[PDB]
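Engineer: What follows is the residue order along each chain.
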Amino acid sequence: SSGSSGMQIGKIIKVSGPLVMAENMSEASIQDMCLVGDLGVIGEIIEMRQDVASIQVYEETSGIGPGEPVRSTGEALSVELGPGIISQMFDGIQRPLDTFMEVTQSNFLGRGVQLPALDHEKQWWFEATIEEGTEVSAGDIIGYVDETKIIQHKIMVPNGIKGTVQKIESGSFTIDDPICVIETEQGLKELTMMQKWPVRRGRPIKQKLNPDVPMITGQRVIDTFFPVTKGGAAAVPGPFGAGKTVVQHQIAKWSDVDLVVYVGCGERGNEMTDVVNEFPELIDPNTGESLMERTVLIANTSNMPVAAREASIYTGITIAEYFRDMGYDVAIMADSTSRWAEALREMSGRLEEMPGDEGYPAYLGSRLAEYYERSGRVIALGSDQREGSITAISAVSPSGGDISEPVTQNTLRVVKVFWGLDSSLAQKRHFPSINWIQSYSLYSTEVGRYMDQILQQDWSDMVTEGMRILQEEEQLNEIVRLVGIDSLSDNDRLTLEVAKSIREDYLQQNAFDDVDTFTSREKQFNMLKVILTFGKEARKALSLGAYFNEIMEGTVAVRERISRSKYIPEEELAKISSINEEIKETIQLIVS
Amino acid sequence: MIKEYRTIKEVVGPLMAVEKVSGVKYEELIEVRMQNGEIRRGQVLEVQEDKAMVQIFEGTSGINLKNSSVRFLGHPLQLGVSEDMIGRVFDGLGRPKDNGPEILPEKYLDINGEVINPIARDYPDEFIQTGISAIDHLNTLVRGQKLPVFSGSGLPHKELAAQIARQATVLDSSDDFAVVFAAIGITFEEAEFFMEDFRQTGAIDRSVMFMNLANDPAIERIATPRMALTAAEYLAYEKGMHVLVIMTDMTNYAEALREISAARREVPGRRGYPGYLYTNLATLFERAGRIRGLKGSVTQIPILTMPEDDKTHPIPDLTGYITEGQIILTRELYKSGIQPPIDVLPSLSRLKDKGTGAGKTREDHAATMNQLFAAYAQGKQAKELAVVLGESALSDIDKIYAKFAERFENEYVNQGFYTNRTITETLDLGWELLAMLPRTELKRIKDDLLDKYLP
Amino acid sequence: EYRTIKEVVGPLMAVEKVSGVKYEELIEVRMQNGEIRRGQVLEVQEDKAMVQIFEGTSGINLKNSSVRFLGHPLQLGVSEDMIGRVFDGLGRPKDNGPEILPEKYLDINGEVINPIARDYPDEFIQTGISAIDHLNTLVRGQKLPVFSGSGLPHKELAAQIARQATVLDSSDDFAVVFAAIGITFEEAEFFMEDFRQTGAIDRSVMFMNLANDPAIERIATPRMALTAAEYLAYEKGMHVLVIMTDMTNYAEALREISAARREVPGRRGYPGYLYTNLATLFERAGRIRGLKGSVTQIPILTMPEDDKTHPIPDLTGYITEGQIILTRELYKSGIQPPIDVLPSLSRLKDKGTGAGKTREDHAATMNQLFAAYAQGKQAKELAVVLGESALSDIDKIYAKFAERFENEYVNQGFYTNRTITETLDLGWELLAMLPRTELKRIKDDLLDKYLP
Amino acid sequence: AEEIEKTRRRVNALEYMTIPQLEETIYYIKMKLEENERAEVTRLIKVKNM
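Chains as they are written, first to last, in the authors' numbering: chain B, -5 to 586; chain F, 1 to 455; chain E, 4 to 455; chain G, 157 to 206.
The hints are simulated quantities; they were obtained by calculation from the structure and are not laboratory data.
Listed below are the simulated BS3-like cross-link pairs for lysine-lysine, each with C-alpha atoms no more than 27 Å apart in a straight line:
#1 B:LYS148 to B:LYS202
#2 E:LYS20 to B:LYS5
#3 B:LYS183 to B:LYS148
#4 F:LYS9 to F:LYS66
#5 E:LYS51 to F:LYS9
#6 B:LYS190 to B:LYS148
#7 G:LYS202 to B:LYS8
#8 E:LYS9 to G:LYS204
#9 E:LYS380 to B:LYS422
#10 E:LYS443 to B:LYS560
#11 G:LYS202 to F:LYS51
#12 B:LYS560 to B:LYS534
#13 E:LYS383 to B:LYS422
Isolated chain B, as found in the complex:
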């Protein structure tokens, strides 16, 4: 027009909340990003009727109307994967929140502000691992970068690229500078330390494997009764005030994973603030590095734009997949997927779609299923054939605590671990407030074998018995409620006390106690053995004609000793296992 010509420019024909309609978009494709309006707010095309495109805006659309331009970027919702991503706090669409504040000189989130996810002007030292003239394909490592003092950022060959390494050399570079040249069949392609990848598409692997190795969380109730494996997925649904944040924070601080991708998906702003302040103050005494130097944080709070909740989930899992491909064990945490689903429902109303369950779109279930199936223990691409894993810890916030709701039920269809948080336990100061009766882990049998082999003791037998006692306790409490505790046989009264010890001395764990916050696998074993030993020694004493009241009143000292065993330092384990002999001999003098 007018003697000149440029790129295609869209034109808004309607603004309805987070949904924007733009004509003259024929050059654009589905799932493509575009800048919407004068402000150029980030938007994703989800539908297309002729030249008119339905756009889902990941920012506020207030003060936007028809006539304003729309400019497509041509590419899908991607993340920037390269050195400079670790220890960063991004938003839903991977915009650096710290840089955002400095560039805009504002404490508040404006809109239409484009910011590269990573620092493209920071010099990194690249170290070449591969020699020139080698045949490479997707996944193969050409070199690494020491992003942190412990985590090597392995620069691997992008997907869709296969050929011979022609030029490579170590040295200082930016993530824009060509560090390697590959001779492909198409020609010469330059590889940078950085690569992009569409967040809605799962990153390719060779194959999935069985998640058979249990993750050490240090949280006794989890590691023992409801274990999660590396590659496994856990659902953490519960009412408000059940302390899901503390449970998640604990899993972040103490899991034996290389990297944590924490995703604040539509939750309290303070809790994201609490992470960036506390995590760099939690130092591993061995590595000397803080938790923040293995953490990628994605924050889209409850009052931030709704559509970006969905984007935050996918931004997170894709970054997790990225490091997984390096051969790393990653933990992806979503808090909480309920608000992700609420974002889906929000758009679904705008799209004038038909709801399936409780107003949620009919495709909710599969959205979730496709997400958790992106997790697991895999063999990454490349000749290396290295193994990496992604462990998913997802919080669910079922309304009223009722877990019959679609998101919980759809999640429990695909994941094998259910940590049911309880409100009544929260009020009774029982932390973690994990309902040991309702909660389950379908990895318990496999972990049971892994434990029995690595400990060379009957651990699975111990866990089974402890859990049996706990369920028998719940049956007895029914009866106590009806007839009173006085009517119970001295064998059943003993069961209540053994279970009480299991709840109070083992199940309960204070995340804010320097000793109790973490419990090693062998310490866990020693603690449980002691508690169970008391039951066995007492129960065989009852058969010898001993009464419950004498055994109980004559063990005040040693039962108590079990109560503080949780506060016994990891170095001084002997002090815990020594109780076994004390119990046995204290019981003996009662038998006389």
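Could you slot chains F, E and G onto chain B? The hints should help.
Structural biologist: Quick look at chains F, E and G alone, frame taken from chain B:
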């Protein structure tokens, strides 16, 4: 001639609308040639004037309307069937997944199949010993029957399904079962369990597998069981095999239907499910049984998880209205340690009469079944009436029924996932439990049998 | 000035042939009789524009009524002269005083604080209530709601907090913004008179919205309040305490609008976006790094049927950090205020307690009182079931403790302002009736110094 | 004494177990019922629009 149009009008989710189109038939197979050269197969859902609505199996991610084209193949969705499929593993559309040799199709088949003439049908009455007492005696499975498992998430239904497949056999014959397994939206671990089990038993070389996993496109789940059942019917009636079909999770199939249904903005039935859920499910489950004159047979064992563990949900309720009985697993029995967790009371087999009795199992099969059922219901009643009011609150003959119910669950139903009981053992065990009840209470068994079997 | 009103259907109005109209843009309809009714663009599209008029569409002649577009959203004219003044739900004066001269106008939706710029809540707000300040401590910049029920004295408690709330060691830097949502005339007069009777108006800004006011003015009220609150806090450096009631009335108003817009009803009839809508309000509280001042919120709501699982308390609980719960058991026992500390909680209390904020024994005695009151309560519930003979001698004491705890400690009266030092002091007195050998939450250093 | 305890058991079994079961099984049903009424009416509005 290749029929192709470069005139895509609109793209919305899994649905696509093509305009300025001619000679296109309903339920026609289509291929979308995306601008990047990627091929995505689909299916004509609706034809009006010069317009065509199609559902894309792989979805419409990253599609440009102008630069894409739609090919119309002039035939419905077909499956290249061959006996070479035995031992092979395919994806949701029947395409090889195990990286093996190319199948050379003997013939191609409309995956919708055809309804078996009711007069052409041969009534299924051949007793299949599953080894599971809760089934073989009380809910007897016969060859050619549709008998599904009603389960829930976190329940051991895959263990049950694998055990049945391992121990299923007819009596007085060296026959085995060709296994057609259909995976529908199930997870990797859920799938690898069956994969590893079929290998450790060598059943993998007697099996055909169509795998749609949780990371596969949801719309593929609609074609998936029809692929399996087309393979089954082919192997059975054209290749004289006795085929045992296992499909899980049937729930995922229904929710796939609803996705398309909702996308089409069709008039919703209950919970968004279309008004044709019953009919659509039936066209799957009625694809089983025997045919007069033919040596083969199709035995369907679908698996569904009841959403919210509620069998008045459309999916299990409508299924129950179609299939010939059901095997329901309850969460309560699972926690109790019952293996398999079969609740015989809401469980049913509609084909147990003509499959059992003299010459088939034993003369006392029907009688002891009805008596165990009655006593268990009364005994379970007494059990719950004693947990809430105390042991002393109940009639002296009812405590006996309570002791029976406990013993019935822990010794009769609970048998383990790797235990294969012969029908003779199961029946003799049943009499063992009837002996702990007074003779005068056994009002459903005639004195003929009581004198002969009651110890 | 568009004289082109196309359609009018119920509360909704379509205006065609327009240009440069934005989403959520404030509009102004001048009717044929010179009346003025403001409105808001719900959906802008093409030349058309779907607007919603606050006052309703009754009596409007489409042909002779004109619509003007104001090029800005719903705004609030703010100033430092707002302190001492009483406004309506839309910022209009109702206390026959001079029209405020606004320093600037602000979008009432406000802007979202960058979480990396957000400063964690800290320091202490003395409410004057022992049941709050000690076990359930209100931290500066925290959102801490009161979960009440119909017929429960949450209005008394509201007024009591409003005038007793203060920051220690600060002079004239504290303010209360009181927002009244859909409450009756008499209930509004109660607040307004009490405010100016105790002089609490002299440090307060009141946004009063009545029950017979338009439902859109109701849902706009807390937004008007929080805008003035953040202005005083972040741009004038003040510690602002926002008190809002009734949030149940807010949600119902939102449910009314939602139905009026043919929107799909969510759980229990409330909008699917209720959580998010509530979040855009409650998250306005907090602190910013590098800025003096803070916004502290106490939303007050009535739980329908005393059901904590109801959407309104349930979603609030998922958003706010704590909850203060009033029970009918305590109210029927004359406990003022009837606060039940057992289901009540404050998540951030640690950031507003301890030496330098309160006394050094704040944490220990809290754990001690709470744990003891639990046993006493469970001793009482045992005496009613299995008689008084099923209680051991040690459970004599916990029972009597819990009774004194309610009648002396929790029950203080709606007009008794207890300082924190008074509160803590009273706390030790109740622990004094317990044998020292059972106080295992408190270390020996504190027992030797404070226990009488 | 035994008759008192038998009676006590049933009083307790009814007051603590049986009645609360009934009380919000009812509450659950009434809200499920109103949940569906509101679901059906929202369906019919869309069907009228199409």
